[PDB]
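Starting from the structure of chain 2, add chains 1 and 1' where the hints point.
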Amino acid sequence: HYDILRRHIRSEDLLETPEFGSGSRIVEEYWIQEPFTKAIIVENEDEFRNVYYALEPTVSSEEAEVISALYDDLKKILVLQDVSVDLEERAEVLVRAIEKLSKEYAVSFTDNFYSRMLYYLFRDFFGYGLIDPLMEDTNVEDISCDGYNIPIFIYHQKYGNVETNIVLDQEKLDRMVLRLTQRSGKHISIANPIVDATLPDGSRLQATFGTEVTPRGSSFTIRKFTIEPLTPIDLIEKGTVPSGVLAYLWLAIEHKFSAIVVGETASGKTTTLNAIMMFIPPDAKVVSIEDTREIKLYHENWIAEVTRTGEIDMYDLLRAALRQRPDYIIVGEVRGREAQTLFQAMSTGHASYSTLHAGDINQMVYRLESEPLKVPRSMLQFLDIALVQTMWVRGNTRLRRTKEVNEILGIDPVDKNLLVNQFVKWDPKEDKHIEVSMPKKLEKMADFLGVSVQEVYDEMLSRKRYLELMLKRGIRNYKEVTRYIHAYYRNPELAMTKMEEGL
Amino acid sequence: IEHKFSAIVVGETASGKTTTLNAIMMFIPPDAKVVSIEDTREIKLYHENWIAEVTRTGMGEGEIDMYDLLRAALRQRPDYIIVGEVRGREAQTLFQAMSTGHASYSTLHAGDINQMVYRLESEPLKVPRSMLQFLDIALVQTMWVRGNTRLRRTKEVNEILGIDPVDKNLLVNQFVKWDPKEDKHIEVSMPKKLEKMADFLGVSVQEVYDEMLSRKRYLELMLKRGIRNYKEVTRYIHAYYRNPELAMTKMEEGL
Amino acid sequence: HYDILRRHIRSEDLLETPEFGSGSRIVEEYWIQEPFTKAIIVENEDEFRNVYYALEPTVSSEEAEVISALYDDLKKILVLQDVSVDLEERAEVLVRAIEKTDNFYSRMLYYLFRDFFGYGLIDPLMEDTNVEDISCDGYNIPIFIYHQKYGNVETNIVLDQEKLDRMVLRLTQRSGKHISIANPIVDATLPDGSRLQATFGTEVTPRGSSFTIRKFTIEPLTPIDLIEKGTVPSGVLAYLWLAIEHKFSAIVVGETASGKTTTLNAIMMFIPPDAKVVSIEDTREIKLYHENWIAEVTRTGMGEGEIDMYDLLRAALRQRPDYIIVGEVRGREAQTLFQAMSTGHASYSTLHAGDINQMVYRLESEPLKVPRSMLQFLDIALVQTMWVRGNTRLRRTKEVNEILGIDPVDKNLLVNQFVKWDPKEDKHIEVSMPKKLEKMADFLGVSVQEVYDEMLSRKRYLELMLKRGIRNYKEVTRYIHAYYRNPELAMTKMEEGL
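Chains as they are written, first to last, in PDB author numbering: chain 2, 5 to 314, 319 to 511; chain 1, 257 to 511; chain 1', 5 to 104, 114 to 511. A prime marks a further copy of an entry chain.
The shape of chain 2 in the complex, shown without the other chains:
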């Protein structure tokens, strides 16, 4: 979007320098998208806190009025406000149109006021409007707008919870919500005032309309979607999952053990699933079914299926894909009926993985067995690993942590109880993952290979070493990480040497 804009810019230096009186001290400044936006962390020292300032190109009461004027005309054009169209060409339908209205009304603006007016038109037409800067700043992970005349709050990757300078009044906020809502294909109104949707880019939306069910006015909450997939290295570095557990999981998904990663909504479940899904052997056939395109993989032999909300559901896609011979099936989040199918896939030898909304393992079982999912108890035996994610909150810090790793051994012959083994448990105290025991799944692997448990264990340590070597060498991006993992697959010793040899 902005690269296109930066093209027609027609000038730079559109930003001035803020006037924060005393009792206010700049803590940090940084371009969000130069030369238009900029974030300025300001410290209102009187109140011993910081306050995110979204800085946009300055305009005067007269100027903005002029801008708003063009918007009204350009607004007539439907193309530029049509999502099905390529941003790039409707970005010109805009500049080429402003050219008309300009030369016609016989006027020539300032090279600057253009490279300023232009910013606003794009923003309110293509961008996210008033919150665009927040929607842009990579540091902002969440956006929370409680209501009429209430400042937007956000979660900053470095300052955590912080008050923002952006404030929407009723007229503005209502539009904002409708816009966000509409932009997500779903509809909101006094009739049905609550909406749980996902924006075009994947960010999750939670909106409310009017004061029907929410006095204080309409409100919305966005949980931005990071474009770049965290990798198992990212996870080792972030203290979220130990390199050993990660090695353990590598072997586990190689040997097609099916796993489900459990957690609370927004606990980092998908992020983790995507990360460990980078351990899939290179040539295998991967099939992914989701309601919202989220998983990003550097795996050629893969088909990414997506749900249609109108009508084609996961269930349909899942049983369909199951008629073939896929090596790995990814679901993303079992929420109903298909949950049964997914567990059957397991029963019939398919490496199956998915996300599930629950807090404990107890809660997992409960949520699995009861409607709408309704997975019979006899079938749970077919799940191999169950991870539990948690988002540890202490002060102005967030910690996505693999809270616990569980192994489903089987179903007890009495009371048909699920045999489980928790071999790794996180400790919030020292923020240390603890191995309450050794993985029982290592024996299943040993047999499947004809080697001694001891032999598998050492393989693990090896991969573990490889991972930490990749970390130490600063290999974090998914494409490059996947590249090096596929390598170890193709040939381990050659791969190891090349890792510890600089290549």
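Misleading hints may appear alongside valid ones.
Each computed DSSO-like pair below joins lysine-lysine, with the alpha-carbon atoms no more than 30 Å apart [what the hints assert, rightly or not]:
no., chain 1, residue 1, chain 2, residue 2
1, 1', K300, 2, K260
2, 2, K190, 2, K176
3, 1, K300, 1, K437
4, 1', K506, 1', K472
5, 2, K424, 1, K382
6, 1, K300, 2, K176
7, 1', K190, 1', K300
8, 2, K440, 1, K440
9, 2, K260, 1', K162
10, 1', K433, 2, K452
11, 1', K190, 2, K452
12, 1', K433, 2, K448
13, 2, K382, 2, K448
14, 2, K437, 1, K448
15, 1', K437, 2, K260
16, 2, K433, 1, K260
17, 2, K424, 1', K382
18, 1, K437, 1, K449
19, 1', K433, 2, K424
20, 2, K440, 1, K452
21, 2, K104, 2, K79
22, 2, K440, 2, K424
23, 1, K472, 2, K437
24, 1', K506, 1', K289
By construction, these hints were calculated from the structure, which means they are not laboratory data.
Structure of chains 1 and 1' alone, referenced to chain 2:
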């Protein structure tokens, strides 16, 4: 409350449940995001980053109950969740929020922890036995009368330590008890939750204990200075959060 | 398709030779449709992986639009595409129509055919019986396949947007469906009898249109085969042959990748030539060289009425099947099956489990929920295994279990273990008498020694087929059908290499 220990205010009817809750909800950290779900507004809070959600009857539209609202509120990011009073199904979601780290608070119609447990476990609430472990504190409120002697007292401060494997289950440590004979609050056990705090904070107990005594003084002073209003009280509390040092000094210097 | 063609051609030295730069070693090479297409399995030292290269008669870029032109006209010939017309005749027109080098001719008809009667770009993959799975994931992505021996390998066949979009319409149409943005997903079955999943556009497949084809090319392992692989001893196989002829019902149980289906399909070639057999599967896997047979396959209901195994069995058991085969019991239908058993229908099926206890549990508990008392009608339950050491990959029948019946006031399931497999010596040990052989005496109305004699007889017959290297299922089934018809004559021909 600052540390997010969840609490339910239990009490017979006309004992003070809601009042007390609303009272101690003015202890929420100035910047934390709080969402409340009530059948009808009753909770007043001098807090900004706050979403107030109210149930819909559905008289002539789509009925939206507490279950729907909580289910979808817990969904955004609330640091604190306040449910006016649990009167059914939504109760499960709440305790789920608890097992998840959401500082959850609410009210329940009952006279003692036993009744509380019964009501919570049995339909309509039907909260699973094992989930109870995530509730931290349960206050029990009362009404006490003699002459025109109209008294609302916290009968007891109960600390829910957790569950017992092979049990009776609900492990409760009673911190404070109220003697009506002398109208006095007696400590009848150690405030164990203060130790869990040491663990969270990463400090010692005496250290936390010190801060408690400190916060205590701060309150008694506000009292002596006649700072009664909620808007003003919340301001001085928000104050102490921001900087207890400066906050304490201004209070000792009538400003 | 290729016999009709390959004669109308002139030259026979069509298609040059492959040229792979260094680091691109040639592992193997073999013919597909001589002398047009040939497949080469190349290596790649760097990435320890093999690659499938689909070789077709090379052409000139001038011949390109040239042959693409001769096609631009032949297309407007409705009388060609028409499938109602026999391929033998249809071909003729294309030839005659083309009349309106003596080498370029042949290495051209190939394509003209490959696009009118063939499968187009993927014909090399559809004709090669080594490729049992075809995965075209997306736009400009090399197709992947599952080779009978090489498994997952990349391919030299890629399709850009349009090239694939039309391919998806071709496959969709030959299967009899109409894939469109309105109905972007198709799960049909191709004329050659193959499973085809297909997606048009990018509504459900962001990675563009796509398709997958799981070819029914199987070549089902044979009883003789099981003997060779040392999976099941010849003696046990004879015992089963009799068992099956007499309609004793059997379930093949085993952990995953142990051989359940293989073994079943194997021992299902023991069904009497004239008996009526009906099979119900979630997806075809069972190959049988039997005529009086009805094969029924479950329907997903993607966009129509869903018909599950329960529906199919319920209504199959309804006609007169002497033998009923259920691919694998994964639910409700299981009850109907055991009902069929209590009724005398020689019923067979597979079940995911490790030992009789697990089998029982799964069968009794939901979703299957087969009533405790019904189990008595199951006769034999084989337990299959996977065994490994070095590259030592072994599939063995761990145990032949005879279900004697139910016990009043019990523990219930009375099982007599006939054969056990010792992995230490890789030997099958008899650990009890084959009681079912006595039930046979009772059925047949003869003595045990008598039946026992026939078993030893049938046993010999099998070992001989082995010695004579009769491995194929079509041929094996014939010699078995043989013995049924006349064991006397059958035995003599076998001893006299004929």
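Query raised in the report: Which numbered hints does this structure break?
Result: Hints 3, 8, 11 and 22 contradicted; others consistent.
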